Every structure is written in structure tokens, then in C-alpha cells.
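Number of protein chains: 2
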Amino acid sequence: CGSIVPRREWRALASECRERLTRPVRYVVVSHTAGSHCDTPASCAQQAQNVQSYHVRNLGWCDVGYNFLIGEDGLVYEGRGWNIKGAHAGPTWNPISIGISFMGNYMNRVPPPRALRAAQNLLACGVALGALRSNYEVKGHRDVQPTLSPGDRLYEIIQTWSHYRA
Amino acid sequence: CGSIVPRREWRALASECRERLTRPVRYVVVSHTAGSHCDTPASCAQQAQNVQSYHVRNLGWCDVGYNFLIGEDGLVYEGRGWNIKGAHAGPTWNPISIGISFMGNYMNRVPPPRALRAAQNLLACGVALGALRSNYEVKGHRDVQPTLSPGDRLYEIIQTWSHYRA
Ligand SMILES: [Cl-]
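Residue numbers (this note's numbering), protein chains in the order written: chain L, 1 to 166; chain Y, 1 to 166.
Excised from the complex, chain L in its bound form:
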């Protein structure tokens, strides 16, 4: 189920991450990268590389912090994926959640409909696979940490999701 740009196709550095998540997962945390937006497969693969680069090389994480990334190209970029604990929401939320990040800054722009679809589609895929609970809950990054993430314009949107829980 789902179309996902695999690690190898956005030319990801090999993962060093080992800590597994306990399936099915109850919580999804939605962030923004607060970085550059991109609207083409070519530019969005490059941006996935840039986010992973910042996390592995500068913050010294085992991989890109996010389980999945969303491009404005309307594609899902594989991060740690469904089975591996992420680094996106702190030490209380990272063990019990999937972290999906919209590549961009959504303080003043909304992500386009294709990106919102790609994200909702991904989560349904999670349920279908048994990676997420049928009764999964969606959180803002700001609901679980002191942050503007995932941006006012995007936060306002995810609040209207059927699985949103403050």
C-alpha cells in the first residue's frame, strides 16, 4: 500500500538507527522542517538529502529525525519508516509516535492539496499495514513540545483532520 519515494531514490545516507517502535503505534506527530519548500521530484529529493544532512552531520543523529517527509511535489519521502523510532518530538513522544514532517515553513503559506493528500494517504496506509492503530490520534508538534512547528497555517489545517486530538 502507498507510493513512497524510497531512501535509495533520494540518495539517503545509510541509517545507523536500531531502536524499534512497538506496533501498532497510537500517535502521529505532524511537524514542518521550517526549511526551504520544493515543488518537483528533483528539488524535493534534494531537500530530503539536506534535512537528513543537517540531522546526521550537524546534530549527529543516527538518521533523518522524521519517520516520513512530505514534499509540495505531492510525494512521500521515506525516512526511518514505520518500524524504527524517530527523533522529532522529544524523549516522551519519540518512543510512542510516528513523526511526519512537511518540508517547508507553514507559518504564512499552506501546503498545497496534493501534499495534504499524500500525508492523509500515507496515514491510511499505516492503518492498512497495522503499523498504526485504526484509532490513531494526530498531534501538532506544538501540542507535545514548545514550538511553532508545524506552522500556524498547517496547524490550523491538521486541526480539521478527523483523527486530530488536541
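Any given hint could be a false lead.
Using C-beta positions, here's what the derived DEER-type ranges look like [what the hints assert, rightly or not]:
no., chain 1, residue 1, chain 2, residue 2, range
1, L, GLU156, Y, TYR54, 38 to 48 Å
2, Y, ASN135, L, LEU129, 13 to 23 Å
3, Y, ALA128, L, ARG26, 18 to 28 Å
4, Y, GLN46, L, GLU156, 23 to 33 Å
5, L, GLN46, Y, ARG109, 17 to 27 Å
Calculated Cβ distances over 10 Å to all of chain L for the following chain Y residues [to be verified]:
no., residue
6, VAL51
7, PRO146
8, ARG153
Don't read these hints as lab results, they were simulated from the structure. For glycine and all other residues, C-beta sits at the position ideal for the given N, C-alpha and C.
Add chain Y with the ligand to chain L, keeping to what the hints say.
This is chain Y with the ligand only, laid out in the frame that chain L set:
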């Protein structure tokens, strides 16, 4: 599901087609447009418009002939959809099959992995909502009509799909 770009989002003219498909549908025919290629959402939306516009204004059809279109942006473009008989494989095949078209000429080029993924994902999303049959059969366009569609290279690939039938 399956993260399909809706009619309205690619600035489609309204359909005037009435003839429903008898679901669950048994066949999938795979064509190329033999038209211009596109690899950005902006360009691929303009290309679906261009194909629809030819079918409607020039050939006088009720809508774009294809049930679905596949861009090299890795997105699926809603044509006539799951429920409306197409105009893509001729009258033997139009009322019993779903038509999906790769936007481009694939005689001497291959479509990218994300276009092929998008296609496969679309088919599983058909099964899933009951539009296609669990055990559907994929046919080449050149396998049901005197045409080179869907191109030498793309025809070689669909040949190796699990569900492919010669
Ligand atoms: Cl017609």
C-alpha cells in the same frame, strides 16, 4: 486514496459522459498519450488539460478518453475515474476495462520509478474500494489494438508486472 489529482485541480472541462462501467471491473489497459512528457505537477496538469482538450474540442468526445493519467511527476490524474466507461482501447475493450495512460512517448524513453509506483498504487486502490477485481489483468494497448502504444520501453516493463497478461 490513492492520492489522485482531482479533475478540478488540473482545470478540467466538466465531463458529459453518462455510460457507467459494470463493476467490479476485470481488465486494465496501459497506453501512452504519445504526447509531450512532463515531470512537475504544474507541467503535468497542463498536459492532462492538453490531452482532454484534444479529445473534447477536436475528436468531440464527452471527456478525456482515459480513466486515469500518469505523469512523470509521480502523480495520478483523474480522467473519467472508476465508474465511467472510457475511450482508450476501442469498443471490444472500453466497456470491460479501466484505461490508464502514461503521459509521454515511451518508444525510446522509460517512465521513472515514481510514475510506475503511482500506477501500481492506483491499481491496488481500485481493488481496495472495489472498482477493480482482486485478480485483475493488466493488458498492453498494443496487445488489444494495432498501435505501438504504450511504447517499446514501457511495454517491456509492464510485461514483468505480476498481473500482466499477453
Ligand atoms: Cl467518448
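Results of checking the hints against the structure:
no.	hint	in the structure
1	L:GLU156 / Y:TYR54: 38 to 48 Å	holds, 40 Å
2	Y:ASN135 / L:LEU129: 13 to 23 Å	holds, 22 Å
3	Y:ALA128 / L:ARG26: 18 to 28 Å	holds, 24 Å
4	Y:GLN46 / L:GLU156: 23 to 33 Å	holds, 30 Å
5	L:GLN46 / Y:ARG109: 17 to 27 Å	holds, 22 Å
6	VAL51	holds, 19 Å
7	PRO146	holds, 33 Å
8	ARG153	holds, 19 Å
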